[PDB]
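In structure tokens, the next block holds one chain alone, the form deposited in one PDB entry.
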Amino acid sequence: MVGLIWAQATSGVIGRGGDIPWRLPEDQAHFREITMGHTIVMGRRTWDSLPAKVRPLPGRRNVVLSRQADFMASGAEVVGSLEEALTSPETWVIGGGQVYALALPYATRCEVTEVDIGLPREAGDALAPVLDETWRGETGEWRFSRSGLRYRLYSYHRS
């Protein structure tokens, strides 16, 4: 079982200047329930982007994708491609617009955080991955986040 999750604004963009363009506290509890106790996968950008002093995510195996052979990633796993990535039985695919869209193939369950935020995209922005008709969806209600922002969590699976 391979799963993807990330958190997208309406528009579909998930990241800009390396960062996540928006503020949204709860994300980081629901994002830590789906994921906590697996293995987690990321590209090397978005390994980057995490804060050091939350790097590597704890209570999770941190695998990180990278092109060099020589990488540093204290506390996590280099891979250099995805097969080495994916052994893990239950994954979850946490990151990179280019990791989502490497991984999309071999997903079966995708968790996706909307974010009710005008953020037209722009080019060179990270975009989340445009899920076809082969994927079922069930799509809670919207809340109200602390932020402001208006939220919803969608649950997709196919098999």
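Numbering follows the first chain given and starts at 1. Take the two forms, superpose them, and find the largest set of C-alpha atoms that agree within 1.5 Å; that set is the rigid core. First, how it differs from the form deposited in another entry.
- With the core held fixed between these two forms, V130 has its Cα displaced by under 2 Å.
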The other form holds:
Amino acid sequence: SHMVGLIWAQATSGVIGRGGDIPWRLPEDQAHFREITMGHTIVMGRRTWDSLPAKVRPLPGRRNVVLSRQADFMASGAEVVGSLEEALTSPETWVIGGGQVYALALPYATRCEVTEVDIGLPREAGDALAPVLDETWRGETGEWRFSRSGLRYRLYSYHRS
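Complement to the form deposited in one PDB entry: the form deposited in another entry:
Next up is only this chain, free of partner chains and other molecules.
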């Protein structure tokens, strides 16, 4: 067990998901997600696993871990753990969602890698929302850049002891 990180992409408001979908199209965030997580362990909740397309899961080049209370759960190509702490035995672990897993994982986390999408989506009932940090987290909020489509985004890299 070692470094636990959270990785997510949010609208400025904190929305990460609405209606079961990512609320924007941003291939550069796909590339950023891949570059942060490749070669490491990724942890997701069972509902997140179930949402992925059958031919996309497990995400290649990473040790995929699915958290579930169901010992019989089938997650072909991944491992299933029944507690989060077991999900963090790896030397470097990125939690990728969803909200229940972020909330369990936040107390272990010492790094967050965030993509802020410049899009105005005030929160609505039902939205999936980003984890909330505080003034004990510190680090770099990067400059805005345009994606190829013109959607603007910037990157946060935060840490704590």
